Amino acid sequence: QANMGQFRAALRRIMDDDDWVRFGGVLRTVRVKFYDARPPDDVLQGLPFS
Amino acid sequence: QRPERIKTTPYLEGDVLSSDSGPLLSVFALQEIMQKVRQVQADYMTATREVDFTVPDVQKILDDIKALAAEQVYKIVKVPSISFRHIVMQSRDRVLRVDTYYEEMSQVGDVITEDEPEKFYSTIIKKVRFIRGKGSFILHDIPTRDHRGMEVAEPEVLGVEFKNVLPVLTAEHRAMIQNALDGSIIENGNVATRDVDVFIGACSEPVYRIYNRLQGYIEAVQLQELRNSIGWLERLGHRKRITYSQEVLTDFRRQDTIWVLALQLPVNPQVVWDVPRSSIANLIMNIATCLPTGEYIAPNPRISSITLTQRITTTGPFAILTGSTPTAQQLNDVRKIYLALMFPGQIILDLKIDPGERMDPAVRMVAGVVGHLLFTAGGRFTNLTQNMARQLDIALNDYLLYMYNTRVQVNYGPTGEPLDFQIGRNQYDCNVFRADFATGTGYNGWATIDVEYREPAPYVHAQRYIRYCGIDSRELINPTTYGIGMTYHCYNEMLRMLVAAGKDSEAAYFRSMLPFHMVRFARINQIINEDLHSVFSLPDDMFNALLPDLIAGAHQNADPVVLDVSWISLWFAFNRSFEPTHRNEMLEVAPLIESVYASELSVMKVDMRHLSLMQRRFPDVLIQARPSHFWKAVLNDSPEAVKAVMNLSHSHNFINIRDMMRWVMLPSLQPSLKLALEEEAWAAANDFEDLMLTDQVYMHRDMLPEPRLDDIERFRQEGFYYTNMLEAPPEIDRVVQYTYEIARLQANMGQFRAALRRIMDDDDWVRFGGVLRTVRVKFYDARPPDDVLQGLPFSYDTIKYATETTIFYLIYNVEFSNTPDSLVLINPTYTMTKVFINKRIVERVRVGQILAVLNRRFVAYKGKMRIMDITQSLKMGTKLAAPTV
Amino acid sequence: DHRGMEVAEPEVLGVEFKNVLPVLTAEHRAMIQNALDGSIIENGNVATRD
Amino acid sequence: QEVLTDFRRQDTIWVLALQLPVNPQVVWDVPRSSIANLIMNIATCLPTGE
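Chains as they are written, first to last, in the entry's author numbering: chain A, 752 to 801; chain B, 7 to 803, 814 to 901; chain C, 152 to 201; chain D, 252 to 301.
The hints are simulated quantities; they were obtained by calculation from the structure and are not laboratory data.
All C-beta atoms in this analysis are idealised placements derived from N, C-alpha and C, irrespective of residue type, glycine included.
Heads up, a few of these hints could be off.
Said to hold, decoys possible - Partial pick of chain A residues on the chain B-facing surface, computed with a CB cut under 8 Å: (1) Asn754; (2) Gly756; (3) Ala760.
Stated by the list, open to error - Once the Cα atoms are required to be at most 20 Å apart in a straight line, the calculated EDC-like pairs of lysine to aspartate or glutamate come out as: (4) B:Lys42 with D:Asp262; (5) B:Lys358 with D:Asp257; (6) B:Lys816 with C:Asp188.
To be verified - Derived, one-sided and incomplete: chain C residues facing chain B with beta-carbon distance under 8 Å: (7) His179; (8) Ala181; (9) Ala186.
Hey, can you work out the whole structure from these sequences and the hints?
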């Protein structure tokens, strides 16, 4: 997807399609949190990839 | 991270004895080889050609190879050079046209002399370099100008100069010249997003041919060849099993980028391997390149003894020999043994005796055992020679023979060969442990398979995988049998004999010792399989031919290199292990290096063949030709790096004609950009007339024309001219042929001058040709000296039949106050030299013909265009985002 | 080396005639020159050695 | 055999003045030399110990 030069556009199209993405099969470490206000932008708007 | 380097048991760990790397081992190996032959030469009397022996620096030559790889053979200039030159005589309507390229050709090189063959070759190949240098250029950022809203080009990029022509023109004349300048336009000039500037004009024909194939080369090679190259790099990386950069290459190309490549990354190894007397060179670069950084490990101290209490403890059977430490020479011998171990087949060992050293007899007693347990001397190759194999047999016989405990019975056999007897209670036969090269008993390669074939290999010359002691390398990632179950046949027979020999403690020590031995050979199997895969390696044909060659005494082109070690060094090497804690760094740039190597080799072969052509083409010029002449001629003007590579063999003082010509006729080749330009330059050079190597020389009675001076200004406007040059040869009847040998014969008889005067009186032409002569054209307005106008092909030192002569063009200049008979002379001036060149080198053109040469198409890029060399970025750390199909 | 052939030396011939050349004539010099050109070398073998 | 095993062994011509086979009959054929053979034998070959 990065190779041909249509990586991000496909992701934006699929997100317009309102779908779900299971990025990788590698297990991830989870965390639990509690807040009284809005969370920071970094944890909310962030992407699970780089 | 790599699973075979992690350890969890207290048996394979100990203090490190020493460390080593490829660079030290290479120079050391060359040193002992050269010292051996020097001692050989010194210890006796020798009568041969003198030769000095110095050890070279491999690292310097590798650095110089890397530097030369960065050298670009292409030049970029905005403007092309001047193609044609104009000359103005007294007539302002007619002007002389000359080619500057021909005059520069005349200046490039030196004169012809029939006595000097290699000088002739050197001059010719200098012409070749000059052709390729003036042919290789790319135009970028051409200037442009605007006239009446239209695009025009400048009068200095078209390749002609005519600024001094403007004063001699009248109104219509510079009117039409400026009209022609306005007509000199750049095509496709109305494109708003234009990137190419295409122009019509003149150029030198070889130069323009090289330019045309250069732009064809630009258009041809593109990204898919890079894809193939990096795919082969991936296959090599898979073979070596290196970690990859998590960066992945995506073939997205910018709209304002140009890549250039001068190498094809797939390689033909036979081009490398066909060099005469070069096997040792291939081995030394293989050592210098593929060998990683490693170290020597001692075995666990607890194998020989185990404690039981404070005071009582077991002792080793070889306790007296265990407490020993090698010297410098013994350490060097250990190195030699491990080198012979790491390369099987092309390295031979030997055993050194000299009175200056003293040892206990037990060194040979145990040395026979360690020799039979430490080398392989049978199967499909060899590692030993016959004499030391017999010595080891005698040693093993004496060890089974000298026994300190209560004696057992022995039954001797018929012959006096050692090991012809039976021993002990079980009556075991020791005769099976004699060494024969065809069978291979008594060593690690007996009763097993030593070499095997698998899937296609990255390099095509050798697909083999070496299997020492019948064990592969895949048990380290996943073991196969239990701890006791690891064994092989010769080890079993050896242990069973020692049990049969009544010898028990030694058997226990060896049975403990076995897994260290097997894992050491597993690591060496991995090293041979993975690390050493390179173009310098020995192909399968040589490896499968060497053993019959040595056992049959057949005459071989690639002699195995014979070395020498000491006796106790075998036992010391038995108590060590090699561990490569890191891999070689220059391995990461290994392949492309030899590519440059290969490419340059191709170049030599190319012009080599062309030089041989002249020996067939011209016997008289090359009467005294010896092919070493052109050999040395090419070998002078060449990069010193590859020459040092070949002279590391030091056989350059031994190269004969047979090896050199056997190298000549092969057409094996690996393409490269400068190579392609080389073939095309030599294709232009197949027409020998392109380098002023003419052989048409005519002589007859001729005189300078004497025009009658009627009107001075009429003579000014006309502009009469003369030349001794022949624009075309005359008819054949008046021309008589003449040769070198007949010239020599008539010179000895002395009637040659008489024959010249006879035919000279008969007023017919005479030919002196068959030998290439240089061409000089220099313009003389006044009276020349006699030597230029009277160019006699015979030159008194006897005579030499071929001589160079400067070709004359005479321009006539007159004044108004000259009398009508001022040029009238009572004795007419005479000339006799005439030459034919078969091209319009000098010619008179009327003013409208000044731009009559613009018929050739040139391509240039905009100044915004950037050119980046991309030869340097071919490294196996680059992995494709879209892998090769 | 001349005429595409390796040629021996008058010294290795084993005979000396170097004090009779200057009194010779043209024909004798030409004949001795041709005869010198006549001598050849043979690339033979013994025990598989050149 | 070290001197027979350099890397220039293949294209070298050897010279030996003495043949190894020493036909023993020629030393024995010497008339009334038995005592001389004995004394020079024990001169050249007899070792000494303690």
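A quick look at each hint next to the structure:
no.: 1; hint: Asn754; result: holds, 4 Å
no.: 2; hint: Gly756; result: holds, 5 Å
no.: 3; hint: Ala760; result: violated, 14 Å
no.: 4; hint: B:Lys42 with D:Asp262; result: holds, 17 Å
no.: 5; hint: B:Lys358 with D:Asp257; result: holds, 14 Å
no.: 6; hint: B:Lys816 with C:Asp188; result: holds, 19 Å
no.: 7; hint: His179; result: violated, 11 Å
no.: 8; hint: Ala181; result: holds, 6 Å
no.: 9; hint: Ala186; result: violated, 15 Å
Comparing the model with each numbered hint stated earlier shows that hints 3, 7, 9 do not hold.
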